[PDB]
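Engineer: The residues making up each chain are set out below.
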Amino acid sequence: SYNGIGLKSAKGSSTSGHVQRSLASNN
Amino acid sequence: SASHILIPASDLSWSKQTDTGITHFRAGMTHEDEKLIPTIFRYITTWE
Amino acid sequence: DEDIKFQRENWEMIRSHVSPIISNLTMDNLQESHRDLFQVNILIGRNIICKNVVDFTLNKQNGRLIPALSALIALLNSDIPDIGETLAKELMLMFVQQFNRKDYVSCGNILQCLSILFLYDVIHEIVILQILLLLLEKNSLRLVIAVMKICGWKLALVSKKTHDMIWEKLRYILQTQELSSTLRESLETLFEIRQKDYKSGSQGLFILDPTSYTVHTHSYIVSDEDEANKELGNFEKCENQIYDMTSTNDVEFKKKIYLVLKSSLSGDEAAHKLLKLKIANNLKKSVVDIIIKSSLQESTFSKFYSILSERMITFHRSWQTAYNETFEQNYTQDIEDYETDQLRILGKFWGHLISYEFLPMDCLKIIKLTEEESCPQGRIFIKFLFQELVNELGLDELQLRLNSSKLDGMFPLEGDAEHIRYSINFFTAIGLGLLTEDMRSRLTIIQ
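Residue numbers (the authors' numbering), protein chains in the order written: chain J, 2 to 28; chain A, 1401 to 1448; chain Z, 8 to 247, 279 to 485.
Don't read these hints as lab results, they were simulated from the structure. Note that the Cβ used here is the ideal one computed from N, Cα and C, for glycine as well. There are no misleading hints in this set.
Each pair of labels, with its calculated beta carbon distance range:
#: 1; chain 1: J; residue 1: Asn4; chain 2: Z; residue 2: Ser209; range: 36 to 44 Å
#: 2; chain 1: Z; residue 1: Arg178; chain 2: J; residue 2: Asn4; range: 44 to 52 Å
#: 3; chain 1: A; residue 1: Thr1418; chain 2: Z; residue 2: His354; range: 24 to 32 Å
#: 4; chain 1: Z; residue 1: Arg191; chain 2: J; residue 2: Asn4; range: 43 to 51 Å
#: 5; chain 1: Z; residue 1: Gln437; chain 2: A; residue 2: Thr1418; range: 29 to 37 Å
Here are some chain A residues the structure puts well away from chain Z; computed CB gaps all over 10 Å:
#: 6; residue: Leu1412
#: 7; residue: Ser1413
#: 8; residue: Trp1414
#: 9; residue: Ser1415
#: 10; residue: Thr1418
#: 11; residue: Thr1430
#: 12; residue: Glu1432
#: 13; residue: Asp1433
Could you put the whole structure together from the sequences, leaning on the hints where they help?
Structural biologist: Encoded structure:
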C-alpha cells in the first residue's frame, strides 16, 4: 500500500511509478 | 543509458527530518520487454 | 519320523520368521518387511501371519504402530485376498468378544486397526457403521470418538447420507441429554475437528496406488458368525545420456548476474535485484564468485561491492556461509592466479567486511604465516588486508580484536622461533609493528 512512499502521480514523472520494497534493508 | 535504474524512494514526510536510508525503490524506466541496460556510473571509476 | 520332523521346524522357522518381521515393522521399512515376508510361505502360515499381527496389535505397547501394521495388511490383501479375508474376520470377533468383556483398552486397540484398514480400502463401510451402531446403542462414547476421528474423513466421502444420520443422533447426546464431564469435552472436540475438516485424522502410509491394491473390499458384517479359524495356527502334517562437457547453463546465468551488477547505480540497488531473483542455494556460492571476479575487472576497489556484499550477509545466513566458503576458497586456491593489482582490490575488499564484523575474526584463523605454507602473492594479500584493518578500526581497536581472535596463524607463541623471527620480520615490513610486542618478549626468552 501507499505508505507515504512513492509519487503523488506518475503523470508528469515520465516513469511508471512502480514501487517495490528494498529487500536489502531489513535489519 | 543513465535512467534504467531503480531510484530510491523513502518516505518524503520523514526524509526531510532524518536520513531514512534506502527502504523502497521507484522504477526508473520501463518497457514491455525487459532489458537490463547497464549504466555508465559502473563504467566510471570513482573519485575517492 | 523325519517328515513330521522336517515339516515341524519348517513350521517353526515360518513362525520364527514372521514374528521378528512384525516387531521390526515400521514406516520406511514396510516394503523391505513385505519383501522378506513374501518369500516365506504366507499361505502355509496363513493363521501364523494373522496371529502375529493381532497380538502385536493387542499388546498395548503398540497403538502407535497400527498404521504401519494395517498398511502391511493392505499389501497382503493386494497380493493374497484370503489373508486380508481371514484377518478381517478375527478383528470382528476380537471386537465383539472384548465389547462383551467391556475391555475398553483392548477395544480401542482393535478399532484403531479397523479404522486404518478402512482408510486403506481393506474393509467396507458397512462393517464400520454397524460397530458404530452398537457403540452408540449404549454410551460407549470413549471408543466411538477415536473411531470417527480417524475414519470419518474417508467415511463422509463414501457414505455421507447415513453418516449425517450418525452425526445427528450423536449431536442429540450433548445438547438435549446430561453427560459425564470428562467424556463430554472429548465429544465436543469431535465437533471441533469437524469444522477443522478432519485434517488431523488423515495421515497414513498410502503406499499402494488405488489400482495397485487389488480391490478386495471385504463386505463382511459384524452380525455374521465368522468361523473363528484358530485351528490353522496349530501344527498339522502335510501329506501334500549425452555428456555435458560445456556449461552453457552456467554461462547464461553468469551473464545474468553480471548484467544485474552493471545495471544498478547504488550498492543497495544491486543488492535488491539479486535478492529479487531468489537464487537457489547451490548457485549462491557461484554468485559470490561472479561478484568478486567482476570486482577485479574494475581495476580499483569500490565501496559498491562492499555494501553489495553487506546487504547479502544480513539478509539470510546462507549468504553468510557463501562468503565464508569463498574467503577460504580465495585464499587457499585462487591467490596463485591473481596479479598484484588484483590483490590490492581483494585485500581491501575482505578487509572491509572483516573490520565491520560481517565476517568474523575466526575466518582469519585459516590464514597461516610460515615459510612453507605461504605464497609470495599470499603475503601481498595479507599486507593489503591488514592496512584496511588499520585504516578503518585504528591501531588500538585492531589490537583488541586480534587479542580476542586467539589465532595461531599470524601469531605463533608456543614455540618455533624461526616462525616468530619470520612473523616479526613480515609485520614490520608492512608498517605495523606495535602489535608485535608480544612476540619479542617471547623471542628473547628462547635465546
